[PDB]
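A single chain comes next, written as structure tokens; it is the form deposited in one PDB entry.
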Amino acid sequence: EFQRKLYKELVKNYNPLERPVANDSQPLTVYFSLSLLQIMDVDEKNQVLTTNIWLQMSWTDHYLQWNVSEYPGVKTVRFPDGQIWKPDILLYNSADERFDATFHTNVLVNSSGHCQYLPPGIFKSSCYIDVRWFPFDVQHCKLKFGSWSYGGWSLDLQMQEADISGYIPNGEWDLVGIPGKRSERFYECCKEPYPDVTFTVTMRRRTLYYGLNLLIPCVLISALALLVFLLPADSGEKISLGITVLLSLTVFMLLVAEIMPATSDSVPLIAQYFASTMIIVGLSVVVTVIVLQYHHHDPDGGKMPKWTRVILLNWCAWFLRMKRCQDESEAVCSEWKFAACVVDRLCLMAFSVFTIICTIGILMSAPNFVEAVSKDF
């Protein structure tokens, strides 16, 4: 009875094209915020951020005011899209094909004229994804909201702190915070200034997932490659092991490619580690060729270098604590074999040490390594 009358009376002469201000010269103050419900996807390959966001817009409509005493029990009213004025706040740095992922819901208006509009939306936003420190990366993704057509002279956008109470954790990204900033920017379209509210979601990738799927396995497979230098040369599988492991390590980097944006702004940390790892094992094959070349050096062929004869069978042999014509061929060849064995032991120490130092050096360079090991392991 009374609610029918109110709906009939609130829409008499009401024009949804009119900014609902009593004085036209004063700007309308609209309080903007958002509730970040979930970070569903951070598409690093496309540099996109898909998030479930409930925007919160509250303002004061001068025309939708009534006595609750004269309309008993009617304390709130609801209006749909297109029957009431609404602020045309839009996400400037959108990546969504329709550019407006917001789902239009009712606006709730109470008797003092205060209108409240909370449209849910799967907002897809264009974010610069800094992949320098991946996986140990902290992203600062900006969500920039502002009126598309109303400037500061008309629509006085005002911040309110973002809600995280209803946030459901992701599992891959650990929300560090969502600080917001209100600025009054000038654009080359227009002379009227435009205010905006930018929320910088600061997300810390939890590293257990890719710590284990990508980095730990690479290290153990690179260790499998180091076994090459203990394999006896006469086995015949010295290099097979080296080349087969190498293709296993390539499938790890093809998988990084599946997610890495096509940018050239910087070299991701993991790429540096895999690049250094691959070259180290690639160099393992090279020294493998040389030790085999030494192992098989024709007996009758040109005698051994004196330098070699000291640098491997006198000094390096002692450091590591190792110690008829056909017979001399076997004796000369056996010395070639002994040099080969010493080079095998030498390069194991050196490539193992180079692997260890390289591994920690590249990994420990990340300012998030200490943090990530502390929280995520």
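Residue numbers count along the first chain shown, from 1. Heads up, when I say rigid core I mean the largest set of C-alphas that superpose within 1.5 Å between the two forms. First, how it differs from the form deposited in another entry.
- Just a single entry of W59, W66, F351, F32 exceeds or equals a 2 Å CA shift between the two forms, which is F351 (rigid core superposed).
- In a rigid-core overlay of the protein, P305 has its C-alpha displaced by at least 2 Å between the two forms.
- Put the two forms on the same core and the Cα of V42 is off by less than 2 Å between the two forms.
- Taking the rigid core as fixed, one finds a CA shift for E97 smaller than 2 Å between the two forms.
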Given for the second form:
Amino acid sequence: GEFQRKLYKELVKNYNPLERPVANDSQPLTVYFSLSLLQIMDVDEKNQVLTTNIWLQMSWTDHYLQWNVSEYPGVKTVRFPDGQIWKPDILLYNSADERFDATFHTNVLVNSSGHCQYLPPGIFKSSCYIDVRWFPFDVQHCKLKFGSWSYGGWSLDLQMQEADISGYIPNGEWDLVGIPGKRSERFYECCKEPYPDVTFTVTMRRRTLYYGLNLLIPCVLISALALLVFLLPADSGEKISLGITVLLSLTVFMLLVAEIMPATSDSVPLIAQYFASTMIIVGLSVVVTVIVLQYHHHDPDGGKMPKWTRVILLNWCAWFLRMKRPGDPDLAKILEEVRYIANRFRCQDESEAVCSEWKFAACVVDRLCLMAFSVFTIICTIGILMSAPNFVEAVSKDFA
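Please show me the structure of the same protein in the form deposited in another entry, now that we have looked at it in the form deposited in one PDB entry.
So it's only the chain below, everything else dropped.
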């Protein structure tokens, strides 16, 4: 249109995009800064970066970009690309992208009275600390720090407006608790000019249904399965394979969880210590199995049963468990031969009678250690799982 042609010709006359558009040089320029969260793309525990989709929102007042609507009827807003008009050089301090500023440079909407609006979108790769002490029951606080790079207090001051989450799209993995900001200043040593900035802390809680169902219940189920070795009869000589096989499966599980995990040395992760507890449990199970197997295959002609073992395992450990202890000249020569055979059979029976005691002792030890291990595994898993804060309500909100 004719009027907007005239306006665009007139406005850029003697305009320098290198100057602050303030009527008075001494007075600072007021700039309002705010966010608009749209989505959380990914939270990388291993690399400790946070990727989000965010619309910035900056606004100020321009002294020179003013006109009277009466002289230019119909036109009431104008737009300018980058470089042609002055903009605040506000950029993220916590950036982790290769280019230090990931932000699409869009148009600047201008008032008929000098008020500019700037809403550039972009995908921001922050670098925030990822606490992993209570994984997978986590609450994370990642900070985004914005502010002018080469402008001070007398240059321009920054004011905070509350973050907008009206357009938030919920994420499958993380639950957004909130996003509160704060405006703070920082004085230097030379000069008493406040240097303001705005920081936003994004707080998220991990939803634990997936990690629970895929990590914890399988591991606890097969750890409970690992106690079946104490139920097998020792005569079926395939007890060791069970223990070693479940140990191998647990090792595979551990190395995968190490794969997902980062490599910080700040604290012992809950899942890692739980896996270590299961490691020790299965190892002690295998050791006890070897002990019982040694007891079962005892040589009858070897050493005698010690009195301590006899009085402990066969008496007290049986009372505790209420387990029952289930217990003519040639005529002389032929007589001697038959007597020899009978005596040999008697000796064989007496020798076999000894092995029964050892086998019963093996069964008793097996039952006792079964009970002890079954109690211990439950105690350990319950204590470790419930030791984490943010567990009861986490499970109540996820699994229910």
